[PDB]
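**Student:** Letter by letter, the chains look like this.
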Amino acid sequence: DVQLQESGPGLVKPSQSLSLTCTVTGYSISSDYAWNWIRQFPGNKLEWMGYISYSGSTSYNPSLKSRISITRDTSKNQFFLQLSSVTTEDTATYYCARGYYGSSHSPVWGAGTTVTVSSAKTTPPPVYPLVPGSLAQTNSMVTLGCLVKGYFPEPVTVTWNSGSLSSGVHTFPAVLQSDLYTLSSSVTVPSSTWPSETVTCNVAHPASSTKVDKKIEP
Amino acid sequence: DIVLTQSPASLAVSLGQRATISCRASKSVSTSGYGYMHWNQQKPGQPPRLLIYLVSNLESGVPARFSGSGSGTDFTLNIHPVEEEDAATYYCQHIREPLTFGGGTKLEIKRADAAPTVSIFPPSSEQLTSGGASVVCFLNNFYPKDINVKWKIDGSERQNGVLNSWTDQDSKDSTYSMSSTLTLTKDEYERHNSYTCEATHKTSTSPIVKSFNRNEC
Numbered sequence: 001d002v003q004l005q006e007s008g009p010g011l012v013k014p015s016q017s018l019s020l021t022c023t024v025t026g027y028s029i030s031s032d033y034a035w036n037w038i039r040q041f042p043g044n045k046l047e048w049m050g051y052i053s054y055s056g057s058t059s060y061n062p063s064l065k066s067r068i069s070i071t072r073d074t075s076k077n078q079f080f081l082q083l084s085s086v087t088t089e090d091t092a093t094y095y096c097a098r099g100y101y102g103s104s105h106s107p108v109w110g111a112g113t114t115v116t117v118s119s120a121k122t123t124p125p126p127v128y129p130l131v132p133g134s135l136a137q138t139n140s141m142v143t144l145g146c147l148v149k150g151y152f153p154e155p156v157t158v159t160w161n162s163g164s165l166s167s168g169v170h171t172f173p174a175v176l177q178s179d180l181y182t183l184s185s186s187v188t189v190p191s192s193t194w195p196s197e198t199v200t201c202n203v204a205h206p207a208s209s210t211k212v213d214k215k216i217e218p
Numbered sequence: 001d002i003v004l005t006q007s008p009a010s011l012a013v014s015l016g017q018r019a020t021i022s023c024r025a026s027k028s029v030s031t032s033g034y035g036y037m038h039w040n041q042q043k044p045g046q047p048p049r050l051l052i053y054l055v056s057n058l059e060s061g062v063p064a065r066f067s068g069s070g071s072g073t074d075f076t077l078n079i080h081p082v083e084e085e086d087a088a089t090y091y092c093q094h095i096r097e098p099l100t101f102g103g104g105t106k107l108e109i110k111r112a113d114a115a116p117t118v119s120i121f122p123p124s125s126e127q128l129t130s131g132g133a134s135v136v137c138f139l140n141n142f143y144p145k146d147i148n149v150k151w152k153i154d155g156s157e158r159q160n161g162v163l164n165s166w167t168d169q170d171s172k173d174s175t176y177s178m179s180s181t182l183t184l185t186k187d188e189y190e191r192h193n194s195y196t197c198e199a200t201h202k203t204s205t206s207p208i209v210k211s212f213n214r215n216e217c
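Chains as they are written, first to last, in the deposited numbering: chain B, 1 to 218; chain A, 1 to 217.
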């Protein structure tokens, strides 16, 4: 039941100090394996940062040495990461693992938690419905959408009718023209049911603790 | 400074196929103590999982298909019947400190052609009334991913001001879905009449067209 999930902030101003904790359950830190941290940049990039032996000894990546530090608290089976002098390249997803100490054997990866570094304030998103307009679709199977535009930063969780019915849904990855993220989600729902049965768009921007549902109609 | 350059980078195959890749270092990592290797994988949306370890020691997961080989310097991962869900990215890592990772391979399965189901969407009312007006255009469940798209405001082509975005392939029906969003202002918008988004796919010589005029105001 070796459950380890990281938690920390999500957005931070560059040239500051990022520091997130990783808590492990089911097993005891002072019992074996090394407890390291690893970050992943947009695809094609994974980087071992450093670890902390059950012994309490630590080994850092020469790259982030002099700017990183790993501590622990045996009393609460949770180990931490401290990265100072943060810039922008320090924006990636952060995972902690149980990479067996000594070398390697049977690892256990956390869920992850992204961290973007920027100056950008934290703005919420305005959602807009995407209704059709009486066509040959008003006979077949209709496709409805929902548009989230202008929020910061990632992530964003969208669902359709509070989870109720996901079959046939495509949520597209966010992009940005300036320093704002826009994203869209579509749902193809049977024509004979559209108007009558209402469809609601669901979006939550944790960072701003935002939550919005948006019904859709002709 | 110990590298692990992996190749190839991408890869298109069909249900069942010798998917065998290699990771080549700049030193040994299999035989020098306890340090060996490992190949993890990850579905776009979840942290890696264990598959191999010690260079060639399948996990309790689901071996037989995936297999680890090679040692010392050059290694090779091998899966014979490329299961459908297998789609993911594959990585290799060593342990001679600082533990470094290999580039990674994207594995997308090949399937039958499929014309995109295009649907266009006029600007939301709540939007127009905010100086912002953005037209959207969806292209769902097509393959191959190769596909050009274009807007024709009142006939002419519109270049800048559009943001495209693709969804990666899914397990259900190995296909792609892309979303195009031409943005502009409330003003210039009402300044024109018809809004078209044409798509060119290899599935049809003739471009797929869906558009609309403001005949309902």
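Heads up, a few of these hints could be off.
With a Cα cut of at most 27 Å, we get these calculated DSS-like pairs of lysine-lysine [unchecked claim]:
| id | chain 1 | residue 1 | chain 2 | residue 2 |
| --- | --- | --- | --- | --- |
| 1 | A | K152 | A | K202 |
| 2 | B | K45 | A | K106 |
| 3 | A | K186 | B | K215 |
Computed, partial: chain A to chain B, Cβ under 10 Å [what the hints assert, rightly or not]:
| id | residue |
| --- | --- |
| 4 | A88 |
| 5 | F101 |
| 6 | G102 |
| 7 | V136 |
The hints are simulated quantities; they were obtained by calculation from the structure and are not laboratory data. Virtual Cβ for every residue (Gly too), placed ideally from N, Cα, C.
**Student:** For this structure, which hints from the list above don't hold up?
**Tutor:** The structure breaks only hint 4.
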